[PDB]
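K.L.:
Residues per chain are reported as follows:
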Amino acid sequence: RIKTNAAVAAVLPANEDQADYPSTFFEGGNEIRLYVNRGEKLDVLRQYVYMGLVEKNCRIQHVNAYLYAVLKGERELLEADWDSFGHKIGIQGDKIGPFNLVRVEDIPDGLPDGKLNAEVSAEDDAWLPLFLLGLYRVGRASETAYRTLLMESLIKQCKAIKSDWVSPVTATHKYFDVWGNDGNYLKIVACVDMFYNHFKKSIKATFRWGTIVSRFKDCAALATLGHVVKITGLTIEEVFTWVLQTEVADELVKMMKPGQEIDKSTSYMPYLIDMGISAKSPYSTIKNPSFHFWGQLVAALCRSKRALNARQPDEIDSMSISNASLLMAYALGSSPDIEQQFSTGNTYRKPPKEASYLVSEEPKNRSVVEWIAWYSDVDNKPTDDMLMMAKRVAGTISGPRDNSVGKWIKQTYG
Amino acid sequence: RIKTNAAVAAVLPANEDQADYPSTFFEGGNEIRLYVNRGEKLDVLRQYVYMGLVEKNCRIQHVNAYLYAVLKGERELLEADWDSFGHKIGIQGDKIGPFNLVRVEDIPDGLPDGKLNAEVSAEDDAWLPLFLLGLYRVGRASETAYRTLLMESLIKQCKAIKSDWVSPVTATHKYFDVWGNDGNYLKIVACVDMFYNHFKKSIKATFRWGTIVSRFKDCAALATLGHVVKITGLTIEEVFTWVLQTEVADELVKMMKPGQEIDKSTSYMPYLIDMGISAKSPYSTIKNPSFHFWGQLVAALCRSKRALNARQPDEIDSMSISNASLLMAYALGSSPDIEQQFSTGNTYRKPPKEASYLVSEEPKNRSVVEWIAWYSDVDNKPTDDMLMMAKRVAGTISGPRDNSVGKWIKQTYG
Amino acid sequence: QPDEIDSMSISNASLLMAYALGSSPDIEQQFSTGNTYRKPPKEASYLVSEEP
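Residue numbers (the deposited numbering), protein chains in the order written: chain A, 5 to 418; chain K, 5 to 418; chain J, 316 to 367.
One should not assume that every hint holds.
Unchecked claim - Below are the DSS-like pairs computed for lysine-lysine, each with C-alpha atoms no more than 27 Å apart in a straight line:
1) A:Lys-76 <-> A:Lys-204
2) K:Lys-205 <-> A:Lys-261
3) K:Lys-205 <-> A:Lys-385
4) J:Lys-357 <-> K:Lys-119
5) K:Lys-284 <-> A:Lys-411
6) A:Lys-368 <-> A:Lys-92
7) A:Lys-414 <-> K:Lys-163
8) A:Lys-119 <-> K:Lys-166
9) K:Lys-368 <-> A:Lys-7
10) A:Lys-221 <-> K:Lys-411
11) K:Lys-163 <-> A:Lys-368
12) A:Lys-119 <-> K:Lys-354
13) A:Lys-385 <-> K:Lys-60
14) A:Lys-45 <-> K:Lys-414
15) A:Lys-221 <-> K:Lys-414
16) A:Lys-309 <-> A:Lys-414
17) K:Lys-160 <-> A:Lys-60
18) J:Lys-357 <-> A:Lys-160
19) A:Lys-258 <-> A:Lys-268
20) A:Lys-45 <-> A:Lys-7
Think of the hints as simulated: they come from the structure by calculation, not from any bench.
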């Protein structure tokens, strides 16, 4: 602003972008528009899918037309009404099918260049769609040591008919992860995962291997909130209460938009990206950093092994968040939940209103106001008992990763 | 000045140069003047680009004429008006194209000496402009260990059509980094990067690989200011407030010239150099040293891993800047942001106006006046707690580089 | 280091100037929003090491 003499300064960095909620979609009653390639015999299409897959090149159009040709007609029961964002899916007591949420929308002239026909199988449907959908998940991986998903796939599909199977996919080739950029492939994989999540009693529900990574994709902050609610024993209101930063609170407020049907398991929200409803999800770690550092740091300091591998985001105010996380973890650990539950002929511990204990001035509950008063009494610095507890927690981490929460805990607190 | 008897001395070193802002350009309504070489068939031009690239010699004129021949006609939507420095780019609801910001300006007679024609491809546009634009970035590199950008390029373009590709570029040859001196090549690469940054939803936006290094080139001080704003949790006014050196303040004042449209993401400023708007950018580390030492040193003392690799500039007053950085980092770390944000039925910590605590006389906020009073009370020297905190921070640096901020921290503070 | 010069007195002067520069840095407040500088109320006496 104002310098020594009189000069005012225009203090300004560059701006940023935003994200789109699912409720903006379906405001004008839009549809999904899969743009299905179809109009051919299923048998020859399965031959185009088979041959070429033996060598090192397959076509996205071939597997697309196949998946619509084979997944159609697999109707199931419907014991209740299905609704999401006002879009009616099915009537109670009817047959539904996996491709009724999205209309077919026959594609314009973009028909693929087919090849010759191999020996006619007409029987490989027990493994071939499962193989393609699992190959999608294998292509979603990024570590060569994490290519045991392929070995799990071969273990799964080697017993497809009786015992015999030969793997046609190279363990090191990367010619199938390009298919993740195709919108129609994501739309069908989200369709089958959404439909077969509703009916887990079907025989064909084994196809959900590979398609599970479509559910809640780029929505890790909701899972972070659920994990920090369950791992501490607090209610959701208390978890929201114990937040002591304005950035984290603002991201929570932006994440709690009301009309997004957050709580409904049978809805369109967890398939936000692959359905094409939104391109920038407002529930990710990139959209909400430093709420992924909070919560995960709290759960790691509450001795949970999942949160020790969460990545620490860069370009966030780490030190104040670490102070708040240590305060909340120490407050949770100092005062546990030992309330008597069952009784035969006797009552509880009957506390006769102590309200004063100067051993460390610590309160006997998990209320945030008494704990923040006690923390401000000691000049907002970590007490020696807090650092001892943090060192004891950090001593139980064997090997941390490069940019993980566990590496931060081991480096910062001994 | 005056010696023992009466003699006055003329005390003077040599002078320096200056830098030119973008607002001096477009004051008389100047244009960009790409000076495009054109006037030929696209197919034969792509043959001149192809052959020769298989061997160890390519022509800048060939790839220039190609890039204009192939990038032209790729129009997109225009949902809003585009303006920068008064120069009108496009009308809302029209088709724009990547070469509408700059007129073509057909070149005088400097036509290149072409060679024979290879086998006619007419299909290699899926990789060849991407290969040239990424080869620009590979030529911008300076470390042989940092030649993994080439491997990333081959990984990217080996799946250009289906699976098969052979690399024509030698991993050790340096025959393409000369093209960075060509003004027209920089102008087109800045044109495509600027145009495809506005429309990220295009299919062809994959070409931005390689062209990202054109954006904000030689403008690292603005990124330093943004990083030090985000990494501390302070507002921009407080970041400007906490500066305690006259050289740093003067560089900030010179960096905050008002009429340069700093805040607008869709503007000509980040492409200051490659557009040819200015030759000496006023936002670089060379133009503004010791503001690149401040900020980066603060962020490194606030435990950020990006600032541990920033180069320490030579011929600056390092010791006073290090004192100010340690003071600001300790002041930020001593008093965090634990303000209660969410509530159910209770209020905040309700501080009853303490205003006096003689444990270390430390204030309870991040205001600079109380902290500078407290620092001047201890004779402007680093307190033992400050040195302990600096040693604790410096113990978390594993291996520093030669002239980095982390090497300075490890050497100076243990 | 040049030879045939009076090195010890020059080293004494260099150490004195370097210590004087390092003991008293430049922490003058430069930018302000609604507050003034450290307002030193004319101490002029500090016997911890008698340093200016």
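K.L.:
Give a verdict on every hint.
P.N.:
How the hints compare with the structure:
1. A:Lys-76 <-> A:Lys-204: With Cα atoms ~18 Å apart, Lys-76 (chain A) and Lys-204 (chain A) stay inside 27 Å; holds.
2. K:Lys-205 <-> A:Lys-261: holds (26 Å)
3. K:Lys-205 <-> A:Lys-385: Roughly 48 Å between the alpha carbons, so the hint for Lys-205 (chain K) and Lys-385 (chain A) is violated.
4. J:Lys-357 <-> K:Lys-119: violated (83 Å)
5. K:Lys-284 <-> A:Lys-411: Not satisfied, since the Cα-Cα distance of roughly 42 Å exceeds 27 Å.
6. A:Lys-368 <-> A:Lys-92: Violated, because 52 Å separates the two Cα atoms, which is more than 27 Å.
7. A:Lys-414 <-> K:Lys-163: Given that 27 Å is the threshold and the Cα spacing comes to 41 Å, the pair is violated.
8. A:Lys-119 <-> K:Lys-166: holds (15 Å)
9. K:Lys-368 <-> A:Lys-7: holds (26 Å)
10. A:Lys-221 <-> K:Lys-411: The hint is violated at about 41 Å.
11. K:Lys-163 <-> A:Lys-368: Roughly 62 Å separates the two Cα atoms, so the pair is violated.
12. A:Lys-119 <-> K:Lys-354: violated (77 Å)
13. A:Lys-385 <-> K:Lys-60: At roughly 64 Å apart (the allowed maximum being 27 Å), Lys-60 (chain K) and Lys-385 (chain A) break the hint.
14. A:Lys-45 <-> K:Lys-414: violated (71 Å)
15. A:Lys-221 <-> K:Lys-414: Not OK: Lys-221 (chain A) and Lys-414 (chain K) at ~42 Å, beyond 27 Å, violated.
16. A:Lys-309 <-> A:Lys-414: holds (14 Å)
17. K:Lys-160 <-> A:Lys-60: holds (17 Å)
18. J:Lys-357 <-> A:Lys-160: Cα-Cα ~84 Å, so violated.
19. A:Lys-258 <-> A:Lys-268: Holds. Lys-258 (chain A) to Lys-268 (chain A) sits at ~19 Å (cutoff 27 Å).
20. A:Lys-45 <-> A:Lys-7: violated (78 Å)
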